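In what follows, a single structure is set out as structure tokens and then discussed.
Partial complex: the chains shown occupy the same locations as in the complete assembly.
Letters are used for the chains, namely A and B, taken in the order the chains are written, and counting of residues starts over at 1 for each.
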């Protein structure tokens, strides 16, 4: 089986998406913890898992040709991955988990990096019943909507793994598709907007 | 003589130098923690910083060799990047874990591998009660990030965290530290999932 896997990988190992060969990446966010809210600089720090999924013809294989192998794990540097970027980060994003993706015989890839992000956020009112609200856009930095498209499986941020003893509780968190125009180029870019309303948790 | 033993080790490393575990070729990884120090308990962000040695042990057929065919060499040291290693991860870290020791593993002729990285970890933890008699209790799960229980099974030698190297003058004293294997099931998948749950009860040490 080891030989089969090796052979498959060898046989497998695409210049990224193009206007003729567009790509749809599905984004989903799991919010694990709001670590810190700095009212002196208006930066908030999030820990979250960013689920990325996409599908490439060039990654399909017949499991029957490879000992019934239906999927495998490989370093994310072994394959192409989307340049999904936070548009209002204030520090470089920190990766908390192993950079390893899962590839299925149907040519779909799933890559779920855990990250810590500092982004621009005014925490004013976090100490009130209404809480504070902040938002950060996630999308390709260099690919327009014509090259890379984004969609979500749902507009509800997954909160099932949120840290129950965090300094902050989540009142709501959504994730929404957006189309933006920027001064630099004619073509529009796509992002998923993460909107979180949150409040200091009482002990 | 000494030149002959070097040649022997070189030939052995050449011959040995695996796509990782699979459902058909599963792997048991043994984890063990040696808790060295609780450096810091931040009640303003609810992060606690631990220093520990994380002992990982696994066994591969593809790393076996007959010692008599290589000058009685029973084991050797090699860079951790020369071999496959488990993607064991803390599930609730708040910053990238920091490695404090050389990334080198010990390989034994039976194919068993021992890898003990030293690490500093910030993880999610409410230190409420740390200043009390009963202390604070926090927990952090360690497991594979991308492998299920059908590819990587985890085991412990014991459920007692090794405290023989715990820093005696730490700001915090350990009341109890346990390491327990956990098997869980999720709706999304049929495969069982495994992790080792590190639970530490600690309080402020009196000077």
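By our rule, a contact is a pair of C-beta atoms (placed from the backbone, for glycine too) under 8 Å apart; a residue touches a chain by one contact, two chains touch by 3 or more.
*Asks:* Quick one: 2 copies here, how many in the whole complex?
*Replies:* Assembly-level count of identical protein chains is 5.
In this section, only the chains that are shown with their structure count from here on.
*Asks:* Measure off the straight-line distance from the CA centroid of chain A to the CA centroid of chain B, and report it in whole Å.
*Replies:* About 27 Å separates the centre of chain A from that of chain B.
*Asks:* Give every residue of chain A touching chain B within the complex, in rising order.
*Replies:* Residues 1-2, 5-6, 9, 32-33, 35-36, 47, 67, 69, 72-73, 94-98, 100-102, 114, 116, 163, 165-167, 203.
*Asks:* Mind listing the chain B positions that touch chain A in their complex?
*Replies:* Contact set of chain B toward chain A: 18-20, 22, 24-25, 44-47, 62, 87, 89, 92-96, 124-126, 128, 145-147.
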